[PDB]
Amino acid sequence: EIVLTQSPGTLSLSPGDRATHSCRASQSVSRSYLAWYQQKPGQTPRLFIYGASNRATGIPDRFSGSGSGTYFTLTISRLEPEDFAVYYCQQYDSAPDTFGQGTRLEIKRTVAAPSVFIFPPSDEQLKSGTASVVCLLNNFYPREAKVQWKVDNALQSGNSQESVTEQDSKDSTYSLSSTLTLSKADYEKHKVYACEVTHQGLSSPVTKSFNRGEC
Amino acid sequence: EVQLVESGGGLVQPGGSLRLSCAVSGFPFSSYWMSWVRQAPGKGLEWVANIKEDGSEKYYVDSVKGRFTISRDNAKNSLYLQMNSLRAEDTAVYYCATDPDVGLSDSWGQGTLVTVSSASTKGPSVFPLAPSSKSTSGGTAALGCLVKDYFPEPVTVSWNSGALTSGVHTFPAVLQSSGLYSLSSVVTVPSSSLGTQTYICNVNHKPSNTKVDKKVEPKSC
Ligand SMILES: N[C@@H]1[C@@H](O)[C@H](O)[C@@H](CO)O[C@H]1O
Ligand SMILES: [Cl-]
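So the sequence lines, in the order shown, correspond to chains L and H.
So the first sequence is residues 1 to 30, 36 to 57, 65 to 72, 74 to 80, 83 to 109, 114 to 234, counted in the deposited numbering.
So the second sequence is residues 1 to 9, 11 to 30, 35 to 59, 62 to 72, 74 to 110, 113 to 231, counted in the deposited numbering.
These are calculated hints, taken from the structure and not from any lab test.
All C-beta atoms in this analysis are idealised placements derived from N, C-alpha and C, irrespective of residue type, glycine included.
Heads up, none of these hints are tricks.
Some chain H residues flagged as far from chain L (calculated, every beta-carbon gap over 12 Å): (1) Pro15; (2) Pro200; (3) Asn219.
As a list, the in silico SDA-like pairs of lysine to any residue whose alpha-carbon atoms are at most 20 Å apart: (4) L/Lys45 - L/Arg67; (5) L/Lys189 - H/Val178; (6) L/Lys189 - L/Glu95; (7) L/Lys208 - L/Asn230; (8) H/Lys65 - H/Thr77; (9) L/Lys45 - H/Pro46; (10) H/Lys216 - H/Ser130; (11) H/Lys224 - L/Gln144; (12) H/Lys48 - L/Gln48; (13) H/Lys65 - L/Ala114; (14) L/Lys227 - H/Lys144; (15) H/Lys229 - L/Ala213; (16) L/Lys127 - L/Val183; (17) H/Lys57 - H/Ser35; (18) H/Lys48 - L/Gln44; (19) L/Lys203 - H/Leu190; (20) L/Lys45 - H/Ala45; (21) L/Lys203 - H/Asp159; (22) L/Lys146 - H/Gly133; (23) L/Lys146 - H/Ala140; (24) H/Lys72 - L/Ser109; (25) H/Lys225 - L/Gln144; (26) L/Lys189 - H/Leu174; (27) L/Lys45 - H/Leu123; (28) L/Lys146 - H/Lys225; (29) L/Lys45 - H/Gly49; (30) H/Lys144 - L/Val225; (31) H/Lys48 - L/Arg51; (32) H/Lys144 - L/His209; (33) H/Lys225 - L/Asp142; (34) H/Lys48 - L/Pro115; (35) L/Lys227 - H/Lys229; (36) L/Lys45 - L/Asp190.
Just chain L, same shape as in the assembly:
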């Protein structure tokens, strides 16, 4: 099999920047049958370049490809905020038509602090023996954020899970949910539910909290 190695693994650049994505083949790729795909999170890949240097239908001029032999590149000449994706190269000269491992391109923007919201468990859920407490960090950049849960002032470990949205296609921010899960019993053992957020955009960490049973 021809092995394709992509570099860099991750790339973070601002709108207007030139982005370069490399694809190296373990042996020469005949006919320059080398393709590039853009994949957004959770979406179908779209073919962007075929035959090493040809744009697919609907692909704007800022995307171009070049190369031959064992070295190929995909260029975005002038980045736009909608250009975040994982980009994959593929060779299709001789089966198996293998893919590289992808380059994740993030669009860089100026620092943006999260807005923080907290949601107690619903009475509906409480009826059934479990309490989920949700903390929302909305519209922030960069992606790195620390969320610490504290119940009557003790910080939690191992009972929370986080998920992050894909970047916003216009303003390049992320949002994050953190869910703390307690038994309905253990929920009742305590009073103060707090989410403490540390982020580069905040001058000091922000805490959002409620007391179990309030408006």
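Could you slot chain H with the ligands onto chain L? The hints should help.
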């Protein structure tokens, strides 16, 4: 317009089988090599198999040789993948994918998720994330739905049957310790609307044939 529509995926027992179908239109399918490509959760794309325009030549990744068969029906403009002796390593979204020489950006299907598990389908419980003083500043409140304890993926969530679009964030599902998924969908809206406007999350879990509409009621003092 180009369309490639996969079907036949879903949940399947380890050791079981599935038949994937892909119906193609909008370009001359019968003149192109076609392929299946898969993507395991959180992993990269992996080529699975391909087939000549007349079906007379085909290739497979070694991990599926002898148990997957690619075929086509040019009369029906369709591509197939017959998958047997399934294992956890086969869990992935499966895409039918045109040979890239076609030169069309939209030349792959939507994908069908294959989940190889002994577990049952299970529909979600949908709980309100109620707007309160703790989710409202400026003229905007956040509210949402917690879509909890379902299996397998995926679920879809809309708000107000699709009328409500901006400020929505449906988070990626997370797998709990239990082996069930959970997800939240939130939206930010004007605070003034909360008395007048109804906010309803529309949840669809096709694997279990579960549809839930949950009205999200505000908190006021
Ligand atoms: N072995 C190759 C395939 O893998 C390829 O995609 C197709 C079109 O090049 O033609 C075959 O001869
Ligand atoms: Cl591959």
